[PDB]
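What follows is the residue order along each chain.
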Amino acid sequence: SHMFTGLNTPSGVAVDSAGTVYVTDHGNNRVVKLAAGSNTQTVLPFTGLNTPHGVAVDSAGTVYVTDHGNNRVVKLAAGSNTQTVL
Amino acid sequence: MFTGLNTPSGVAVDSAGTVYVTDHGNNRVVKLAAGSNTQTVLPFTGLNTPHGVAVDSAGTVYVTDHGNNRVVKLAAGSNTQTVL
Amino acid sequence: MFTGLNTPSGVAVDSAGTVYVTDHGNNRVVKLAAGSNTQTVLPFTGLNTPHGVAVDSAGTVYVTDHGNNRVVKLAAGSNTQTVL
Amino acid sequence: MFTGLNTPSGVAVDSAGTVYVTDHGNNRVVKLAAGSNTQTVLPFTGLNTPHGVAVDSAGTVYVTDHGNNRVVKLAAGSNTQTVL
Amino acid sequence: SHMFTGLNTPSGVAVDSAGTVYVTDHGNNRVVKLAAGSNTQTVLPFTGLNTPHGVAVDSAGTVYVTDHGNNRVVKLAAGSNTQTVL
Amino acid sequence: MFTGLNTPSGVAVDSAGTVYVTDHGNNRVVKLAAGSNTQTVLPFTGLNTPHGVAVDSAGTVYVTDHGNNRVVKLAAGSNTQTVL
Ligand SMILES: [Cl-]
Ligand SMILES: [Cl-]
Ligand SMILES: [Cl-]
Ligand SMILES: [Cl-]
Ligand SMILES: [Cl-]
Ligand SMILES: [Cl-]
Ligand SMILES: [Cl-]
Ligand SMILES: [Cl-]
Ligand SMILES: [Cl-]
Ligand SMILES: [Cl-]
Ligand SMILES: [Cl-]
Ligand SMILES: [Cl-]
Numbered sequence: 001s002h003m004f005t006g007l008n009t010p011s012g013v014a015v016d017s018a019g020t021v022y023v024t025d026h027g028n029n030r031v032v033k034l035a036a037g038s039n040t041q042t043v044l045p046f047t048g049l050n051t052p053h054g055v056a057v058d059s060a061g062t063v064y065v066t067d068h069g070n071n072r073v074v075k076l077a078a079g080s081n082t083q084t085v086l
Numbered sequence: 001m002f003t004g005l006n007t008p009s010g011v012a013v014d015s016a017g018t019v020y021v022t023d024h025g026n027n028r029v030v031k032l033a034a035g036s037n038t039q040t041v042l043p044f045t046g047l048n049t050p051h052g053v054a055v056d057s058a059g060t061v062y063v064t065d066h067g068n069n070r071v072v073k074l075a076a077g078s079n080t081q082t083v084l
Numbered sequence: 001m002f003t004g005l006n007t008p009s010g011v012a013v014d015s016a017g018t019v020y021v022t023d024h025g026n027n028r029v030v031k032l033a034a035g036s037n038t039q040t041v042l043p044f045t046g047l048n049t050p051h052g053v054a055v056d057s058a059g060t061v062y063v064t065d066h067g068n069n070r071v072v073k074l075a076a077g078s079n080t081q082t083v084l
Numbered sequence: 001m002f003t004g005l006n007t008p009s010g011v012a013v014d015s016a017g018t019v020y021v022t023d024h025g026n027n028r029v030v031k032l033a034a035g036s037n038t039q040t041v042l043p044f045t046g047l048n049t050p051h052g053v054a055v056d057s058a059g060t061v062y063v064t065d066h067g068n069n070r071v072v073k074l075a076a077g078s079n080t081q082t083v084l
Numbered sequence: 001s002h003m004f005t006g007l008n009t010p011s012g013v014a015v016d017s018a019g020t021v022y023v024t025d026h027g028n029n030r031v032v033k034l035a036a037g038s039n040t041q042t043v044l045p046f047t048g049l050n051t052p053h054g055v056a057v058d059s060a061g062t063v064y065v066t067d068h069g070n071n072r073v074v075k076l077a078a079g080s081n082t083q084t085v086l
Numbered sequence: 001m002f003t004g005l006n007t008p009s010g011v012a013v014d015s016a017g018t019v020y021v022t023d024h025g026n027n028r029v030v031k032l033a034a035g036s037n038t039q040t041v042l043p044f045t046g047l048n049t050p051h052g053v054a055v056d057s058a059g060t061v062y063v064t065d066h067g068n069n070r071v072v073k074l075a076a077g078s079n080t081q082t083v084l
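Chains as they are written, first to last, in our numbering: chain A, 1 to 86; chain B, 1 to 84; chain C, 1 to 84; chain D, 1 to 84; chain E, 1 to 86; chain F, 1 to 84.
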């Protein structure tokens, strides 16, 4: 327990079939994820964000985020370093 | 690709890969079907700022209507919303 | 079927069709089972504005506790939350 | 000096130095006079999430009632609001 | 009383020395104002807005608004039809 | 001109025409002095999402710190914040 660090007004949350939790850390302009049982979060490599607000994850582990200040939606496949703008 | 969004807020994705977004600054809910580049507006009515969205295994879409203090839902292929 | 909501924000639906809403202006999380007609207030404690909600296949509820800079989880049969 | 705030949103200050805050997660508006050490909850009624606040030179308080799609006002010596 | 019309999740509010009330009608992508005693609002001619969130008015009646989805602040002088981007 | 803002939220203006903005997506409060094209960051500390801002006749700046459930203030030319 108490394993996310440095959160600031988290907004969106999603959970996948492995129990990994995805959060839009809305005050910090980033999307973080925490595997089940894990002590250390991962910060997803979305680029160019202006306040991520909502997040969803599909059955293939693709992460979709609303980029509130950029009027767009972005997506990252599981383990990818290269987002796609929807 | 989504076009003309304004301060999108909520996002959901169904078992087929369709993406649903609450276009929170534009008073509407939009989707983008997997297999398609054409966004569609869902026929919700009477909205005052849709804020969050969810989709169930049957394709039913559930939206928080922030300014009406209610949750609205549309079944897959229905144009008739139900209020929860 | 939901009652007394105030600027609901987040919404999630599980595989049973239970709908979960963050009743953001009232500092609480509510759920309504598919086919039920009374809501249940989930026994989260110490919230400062639940904002978003998700639910896993086992019915564990995850909520962003916006003003406490934290994510809380509650198993469906539990009255004791865990902080993530 | 403010107590029990939950995701405060709006803030205003008048010519007397009284500070007014929309205590947005608790569905209420609070004020603290310059040099005082207890807050007063303003007697607005029927709010669904006060979001923004302003105050005129006569001390009349204006609040956006986000979930009721309305603006409410309360004179400093009054217990009865007006809807704009 | 009950003189604003068509509001949708109003957010920001401001009041000037004439008692005119200014509101960001955040769900409708517009800024409205209502003079004291008046039965009919005015809609200010800001352009290109992506969700106005906050509003202020100065002692000269110049209106300043945060354009949340455009990552900017805009201003309109009293009676003007031509905003300035700050 | 303001530069590098992210989802600005609150705005205030003082008797001199200085404009104060809560740069809500960037965890900071900025101002732009009348007579100047150079924005400055106010030395608030410990912020978790500043949401609203007000300024009094003495130039004191008051900010709602949304994620810390508090209001912070800075006197004109002070770098030492006080918590209300
Ligand atoms: Cl928010
Ligand atoms: Cl936001
Ligand atoms: Cl928002
Ligand atoms: Cl909203
Ligand atoms: Cl909100
Ligand atoms: Cl919020
Ligand atoms: Cl908010
Ligand atoms: Cl709100
Ligand atoms: Cl909002
Ligand atoms: Cl907003
Ligand atoms: Cl916001
Ligand atoms: Cl916020």
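These are computed hints drawn from the structure, not numbers from a lab. Certain hints may be false.
Heads up, simulated DSSO-like pairs for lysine-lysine below, C-alpha to C-alpha not over 27 Å straight-line [said to hold, decoys possible]:
no., chain 1, residue 1, chain 2, residue 2
1, A, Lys75, A, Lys33
2, E, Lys75, F, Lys73
3, D, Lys73, E, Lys33
**Request:** Determine which of the earlier numbered hints do not hold for this structure and return their numbers in increasing order.
**Result:** Hints that this structure does not satisfy do not exist here, as all of them hold.
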